[PDB]
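Peer 1: Whole structure, please, built from the sequences with the hints as guidance.
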Amino acid sequence: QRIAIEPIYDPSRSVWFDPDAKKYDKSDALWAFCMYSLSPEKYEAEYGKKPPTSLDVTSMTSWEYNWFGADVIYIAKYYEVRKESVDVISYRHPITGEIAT
Amino acid sequence: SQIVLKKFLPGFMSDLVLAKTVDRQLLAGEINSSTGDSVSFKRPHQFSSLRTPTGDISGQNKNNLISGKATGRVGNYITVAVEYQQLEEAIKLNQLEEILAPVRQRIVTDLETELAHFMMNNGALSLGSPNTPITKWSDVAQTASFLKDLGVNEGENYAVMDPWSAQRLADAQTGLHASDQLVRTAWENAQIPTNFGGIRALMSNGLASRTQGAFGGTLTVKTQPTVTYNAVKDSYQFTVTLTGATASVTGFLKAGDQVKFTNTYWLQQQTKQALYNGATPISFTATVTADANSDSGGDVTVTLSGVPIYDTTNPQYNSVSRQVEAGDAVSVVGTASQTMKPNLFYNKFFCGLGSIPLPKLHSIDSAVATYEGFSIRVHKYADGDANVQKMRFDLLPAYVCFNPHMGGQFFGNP
Amino acid sequence: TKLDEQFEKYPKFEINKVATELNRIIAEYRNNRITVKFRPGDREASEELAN
Amino acid sequence: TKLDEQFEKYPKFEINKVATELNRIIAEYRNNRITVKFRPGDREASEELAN
Numbered sequence: 022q023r024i025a026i027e028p029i030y031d032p033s034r035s036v037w038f039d040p041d042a043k044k045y046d047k048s049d050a051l052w053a054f055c056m057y058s059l060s061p062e063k064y065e066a067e068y069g070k071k072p073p074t075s076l077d078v079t080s081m082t083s084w085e086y087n088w089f090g091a092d093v094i095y096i097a098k099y100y101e102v103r104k105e106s107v108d109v110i111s112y113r114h115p116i117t118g119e120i121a122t
Numbered sequence: 008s009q010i011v012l013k014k015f016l017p018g019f020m021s022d023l024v025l026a027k028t029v030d031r032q033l034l035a036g037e038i039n040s041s042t043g044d045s046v047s048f049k050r051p052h053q054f055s056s057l058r059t060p061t062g063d064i065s066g067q068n069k070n071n072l073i074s075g076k077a078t079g080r081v082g083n084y085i086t087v088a089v090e091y092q093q094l095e096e097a098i099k100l101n102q103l104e105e106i107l108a109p110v111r112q113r114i115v116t117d118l119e120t121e122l123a124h125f126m127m128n129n130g131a132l133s134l135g136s137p138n139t140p141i142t143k144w145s146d147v148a149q150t151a152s153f154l155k156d157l158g159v160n161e162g163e164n165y166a167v168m169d170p171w172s173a174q175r176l177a178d179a180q181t182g183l184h185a186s187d188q189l190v191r192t193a194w195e196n197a198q199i200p201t202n203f204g205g206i207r208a209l210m211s212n213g214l215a216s217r218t219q220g221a222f223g224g225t226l227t228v229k230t231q232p233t234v235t236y237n238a239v240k241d242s243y244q245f246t247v248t249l250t251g252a253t254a255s256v257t258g259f260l261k262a263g264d265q266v267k268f269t270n271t272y273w274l275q276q277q278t279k280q281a282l283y284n285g286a287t288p289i290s291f292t293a294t295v296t297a298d299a300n301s302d303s304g305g306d307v308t309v310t311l312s313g314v315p316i317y318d319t320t321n322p323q324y325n326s327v328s329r330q331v332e333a334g335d336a337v338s339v340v341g342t343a344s345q346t347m348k349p350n351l352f353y354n355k356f357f358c359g360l361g362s363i364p365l366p367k368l369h370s371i372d373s374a375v376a377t378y379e380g381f382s383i384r385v386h387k388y389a390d391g392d393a394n395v396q397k398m399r400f401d402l403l404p405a406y407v408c409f410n411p412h413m414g415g416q417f418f419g420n421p
Numbered sequence: 063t064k065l066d067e068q069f070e071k072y073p074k075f076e077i078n079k080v081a082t083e084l085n086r087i088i089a090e091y092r093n094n095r096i097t098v099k100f101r102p103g104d105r106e107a108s109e110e111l112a113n
Numbered sequence: 063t064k065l066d067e068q069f070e071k072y073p074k075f076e077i078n079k080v081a082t083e084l085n086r087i088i089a090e091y092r093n094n095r096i097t098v099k100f101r102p103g104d105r106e107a108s109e110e111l112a113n
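Chains A, B, C and D are the protein sequences, given in the same order.
Read left to right, the first sequence gives residues 22 to 122 (this note's numbering).
Read left to right, the second sequence gives residues 8 to 421 (this note's numbering).
Read left to right, the third sequence gives residues 63 to 113 (this note's numbering).
Read left to right, the fourth sequence gives residues 63 to 113 (this note's numbering).
Please note: incorrect hints may appear among the correct ones.
Here are the computed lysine-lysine pairs in the BS3-like style, where the Cα-Cα straight-line distance is at most 27 Å [what the hints assert, rightly or not]: (1) D:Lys-71 / B:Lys-99; (2) C:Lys-71 / B:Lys-14; (3) C:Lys-64 / B:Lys-14.
Derived by calculation from the structure, the hints in this document are not laboratory data.
Peer 2: Right under this line is the structure:
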């Protein structure tokens with residue numbers, strides 16, 4: 022497993038935060054959205070071909086811009102933060118350190 | 008009254024349930040430039056058996072192999088066009104976006120209205136008297152019971168009803184005796200649950216309506232039709248002639264009317280045994296496809312959907328206890344010329360739906376608009392030199408009916 | 063104005079020239095940030111307390 | 063305008079003069095890129111952890 026750093030293209034029309042967050046880094050946010058465009062061929066490559074494609078609507082762009090390609094499908098990633106109950110097991114083997122939760 | 012705001016006032020909208028229920032999987036990218044304007048699917052096979060003390064099958068005819076077809080075709084164009092003076096349009100409406108919002112919903116609404124019309128025109132099954140509305144719990148569970156009795160298992164079964172009917176069902180649910188969650192939900196939100204009576208219930212306000220069409224007299228069949236499997240292995244449609252009608256009436260039977268044959272009963276398709284509705288056997292019914300008039304002498308010839316197959320050389324394909332023959336008595340459900348909004352119940356594999364992508368027109372700027380999974384091709388051109396800009400929206404759907412015996416109309420009964 | 067039975071509005075161009083000195087002051091602050099510091103007293107253990 | 067029964071359009075010449083300072087700022091950033099650095103604390107083994 023590895024940690025990766027990836028770019029986000031068109032942030033102004035892709036990233037939407039919880040309206041209740043007011044800090045610069047959006048630390049006090051509970052959910053967020055991140056769109057990216059996709060093609061029907063790649064939409065069929067992953068997921069499944071059986072269900073037709075339904076895309077998100079924003080009515081944001083085409084504001085003074087010519088459009089010709091209707092082969093874009095808008096998919097978004099949804100992030101949530103939850104407070105959940107988890108059981109921690111404390112292995113207290115004395116050999117090579119004892120306290121280990 | 009010189010200052011006018013940018014924000015357009017809100018309007019009225021319909022609801023979309025028909026497109027989300029029908030099968031859009033089998034018919035998807037199948038009508039291409041190579042196939043043509045129609046494509047066909049296969050049909051399942053059925054077999055019969057011989058019982059003898061010793062298995063001498065020497066002279067008895069062996070099962071013959073007959074293959075069926077189910078064709079889907081393309082419809083007309085869903086076209087909406089406007090013309091205007093572009094300088095007057097650009098007075099306070101820039102980017103030509105004010106028109107985009109209320110046009111895609113119009114296109115989708117017309118598409119689904121035609122889809123509902125096709126569904127109610129090609130459905131076969133009928134339940135209850137048209138006059139009586141839906142009030143109680145049994146009026147919904149009857150459809151599920153009938154579908155289970157017919158034998159359809161693979162696939163999901165759906166039922167659609169108008170807004171007022173749901174209120175009545177929720178009001179009835181508020182009178183329950185032991186379910187706390189159901190009572191509280193019906194009291195607060197007035198929302199009926201997902202599975203109601205074993206069938207997935209849905210509500211919709213935008214639902215097509217039909218008019219009965221004047222008829223009268225004791226109708227009866229005049230000539231024995233041809234209901235062998237060879238005749239109806241490609242369309243599941245048959246043409247029959249009637250007598251005893253009124254002298255000369257135009258529009259004697261409208262599209263969507265149900266013609267019921269009294270003495271011919273439904274059969275459980277696998278076991279080939281007659282159907283008993285607890286107290287009375289269920290009669291065979293069919294739906295008029297196109298409008299028909301009556302000529303002098305009271306002779307009406309009509310085309311019906313749903314065929315009473317009683318082939319005598321291929322018994323394995325029968326679906327009716329006895330053959331329809333001359334002199335039999337028929338009846339038409341409903342009142343003379345009343346208007347009602349029918350309620351639809353159907354299986355997943357009853358009707359299909361698809362759309363044909365349209366190429367960009369040469370030397371003309373265009374764009375593609377998407378709404379609820381449908382693609383709209385819009386074109387702009389400047390024909391006429393009188394400051395006459397023109398815009399048009401296009402969409403081309405495709406319909407198919409697999410088997411008429413898994414859908415139709417239903418009402419409440421007393 | 064009405065302007066022959068219409069409501070054409072006056073052109074209202076904006077050329078913001080008052081934000082340059084404000085930006086300069088903000089950058090001056092952000093270049094040299096200041097914080098709280100505790101000074102010791104004349105005691106045997108005030109230095110460790112301040113630290 | 064119509065212009066004697068035609069639709070000749072207005073000439074619209076574009077002389078982009080606002081991108082110079084934006085390009086200068088972008089080049090200023092790309093000449094000196096910055097990243098994340100971890101500073102050690104006052105412990106016996108904080109240096110190795112930071113490294």
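Peer 1: All the hints need checking, so say for each whether the structure fits it.
Peer 2: Taking the hints in turn, this is what the structure says about them:
1. D:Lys-71 / B:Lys-99: It holds: about 21 Å lies between the C-alpha atoms, which stays within 27 Å.
2. C:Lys-71 / B:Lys-14: 18 Å, holds
3. C:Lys-64 / B:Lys-14: 22 Å, holds
Going through the hint list in order, the structure satisfies each hint without exception.
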